[PDB]
Structures are given as C-alpha cells and as structure tokens.
Amino acid sequence: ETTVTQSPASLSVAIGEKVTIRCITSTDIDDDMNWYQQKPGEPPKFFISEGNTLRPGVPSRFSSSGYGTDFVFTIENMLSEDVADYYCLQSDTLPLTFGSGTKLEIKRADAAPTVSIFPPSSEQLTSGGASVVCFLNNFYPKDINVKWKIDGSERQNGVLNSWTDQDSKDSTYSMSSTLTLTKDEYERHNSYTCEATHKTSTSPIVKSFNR
Amino acid sequence: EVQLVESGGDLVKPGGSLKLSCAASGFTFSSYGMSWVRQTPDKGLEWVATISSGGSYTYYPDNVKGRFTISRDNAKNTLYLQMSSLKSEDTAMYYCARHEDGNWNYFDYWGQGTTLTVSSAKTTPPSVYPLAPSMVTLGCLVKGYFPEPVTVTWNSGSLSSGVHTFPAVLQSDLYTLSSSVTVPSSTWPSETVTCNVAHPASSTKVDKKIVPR
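Protein chains in written order, with the deposited numbering: chain A, 1 to 211; chain B, 1 to 82, 82A to 82D, 83 to 100, 100A to 100C, 101 to 126, 134 to 213.
Calculated directly from the structure, the hints in this document are not laboratory data.
Be aware that a few hints might be false.
According to the in silico footprint, chain B covers these stretches of chain A (three or more CB under 8 Å from chain B) [unchecked claim]:
| hint | segment |
| --- | --- |
| 1 | 122-128 |
| 2 | 170-178 |
| 3 | 193-200 |
Idealized CB from N, CA, C, for every residue including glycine.
Please build the complete structure, drawing on both the sequences and the hints.
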C-alpha cells in the first residue's frame, strides 16, 4: 500500500529555532497529509488536516506544505510547549498509515549527573536476592555510559537500565541502573562500584562501597 | 465539546478474547465514522479498524482482519472492538478516534486510550525494598510485579519536588522499577520519609519507611 517515511527521527534544538519535519509518501497522495502532536502520557492532538489547513486553535507558528509525495511540516520558532512527538498521517488510501514520528528534545547547557549508589536492602537479602541500585540524576545530554565493576572486574550479566524523559522543568535527564545478583554471589565479594562516563567529564565519575 | 472515553483494557492470555468499548458524547455520533488506533513504543501509531456512521461499511488492515471486529451502537452512542485470538503482538494502548467524515478520513478526535496486555504471566504484587544511603538521596525499589501499572509516591504525595520515577522495565517474567527522592540533609533521618506503592491489579498497597541502616 502507501508507505510514509518520516524524518528526522529525533531532533535536538533550542528554544526559538526553526523546526522542519519531512514526510515522503511512496505514492502520489495528493494533499491528504495530516499532522499530529503528542505530549508524553496524552493522546495525539490534531494540528493540520488535508490541504495543509491549520486546525482551529493551533498557533500560526505551525504550518505544512506539499502536494503529491513530498510533505513539509514546520514550526517557525520552537517554544517550550512545542516539545513533543510529531506524526504525519496519509488519509488518501486504506490502510491509513502514519509516519514513524519525530521526537523533539530541548537543547540545553550540558550538566553532569549527580551519582549515588545503594547497597541491597536488608529484607531483600533475606529473600535470597541482592540488587544494587545506582541513580545518576539531572544530567545532559542524555548520552551516558554506566558500568558495574564487582571488585575491579566488570560485570555485564544482570543489569537493568531505565531512563526518564526530558524533564519538563530543567530539561535534564536521569537514569536508574540496577545490578541484580544472587545473595550468594553478593556476599562472596566486597567492592561494588558504579562507573559512569558522561560527555561532561574527562574522568569517569565513580561511586562505590565495600562489604 | 467532543469527548471519547474507552474502557475494557485488561490482561489477557494469548489466544484469549476481549471487547473494548468507547463512549462518545458532545457530538451527534451517528453522523461520523469511528475508529480504533493502537500505539506501541516500538511500532508507533497503527490504525486497527474503522466503521462508517451508518455501520454498513467496516475496514481493517491485513494483520488484524479476521480476528478483530469493530461495531457501533448508534442508539447508545457507543463504539466496540471485539478482539479474538489475541497475540503477544496485540499488546498495546488502544485509542478510540473519530473521523471528520461520515465514512473514513483523517482522525480529528481521540479518547484517553485504554491499555491491553496479552501475556501468560500471572498477576503478582511487587516486593517493595527501601533504599537507604547538601541533601541526601533516598530511593525505593519496586520489584517483580505484573502487570502494569504501579503508583509510587512519597509521604502520600507530600514530597513532590526532587522525585524521579523511572519507567518500569519488563524483566524476564515480571516488571521492576525504581523511584528516588532527594531532601535537605536537615530533614533526614530527623523526619520520616516513607515511600508508598500501589498495584491496583492485585489490590495491593505497600508503605515502606526509609530508615537509616
């Protein structure tokens, strides 16, 4: 059927800058291209319908162009409230197909992560488990690398990593890293460490504990 | 003002069946085409089915035809999606949406969405573990629950600033997530800091106090 290639996937820009998203259809689609905005947690919000006609209530700073296969959606000057995911939808032929989306990020000043490590809680050891958590908070850019070293030696088996979305207040990121491992394996070692290399530092910020 | 509220999302075994419903208000229902769109974090928005205002025509994409069935009740102003032979791949957030046209068209209005989870995993409450060690940072580990969601607050919502709750990550069988809160050093442990976790699926609600080891 009709395929729609959207780009870029993710775009990092600073407040005020022009944002340009493009959607290209595999077949001539006329002017039946639609655009939606989606904030985290909420459902899609209709911004522009067929014929590049702005839906009522959408700021004039938004607009789209195109007829045929090449469609362009632009935001004159990105504001804070515009940071969201944008999707294009072709409504010319079934099946209705959406673009892959463009996730916007607020480009802000670099920031080092505030790292802290937690040894497993007593009641967890009791139930035979032993998880070691390490929080790296309020950093930026999102790109960071965590490594767990159980006594100088690195570990790769048993690590769970979760990142949060760009903070709606300071535009920073935070990630949780959890090293899970048998109570035995745990007790039979000593130095547990959480190594994190962030764009914001030449030396890998390290946080560890013993026993 | 247009309003669409769906319900029926739930945990279901593979091959099982479900019937999502969508209540529509604020507009003359029998005049518009209605539809169901689903969304996943790895495949994005995906049109599932559409039905005409009269109910005469119904359209479906290949991957879902034969198993899903859309239908409408123009008297009750309700939309339905009958799902059968669910696959692990049908796990997604399902949105109820309206078409601006009488048949099919683009989507102008969307409901809040209901989430469906197809899995053989059993409902299981989470084990809550307190994470104890300028300002200090404390955390809470919610481990091994299923399905989603789980609600995490600190001091029953009294501690709002400085809280970071990370997205649950599907483990092998169960989910697990963590939350961290940071407070002035003068307030802990001189003041108690409890972490509360509610897992509605199992009607469980745990309150774990973060005490210094």
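To see whether the hints hold, each was checked on the structure:
no.	hint	in the structure
1	122-128	holds (count 4)
2	170-178	holds (count 4)
3	193-200	violated (count 0)
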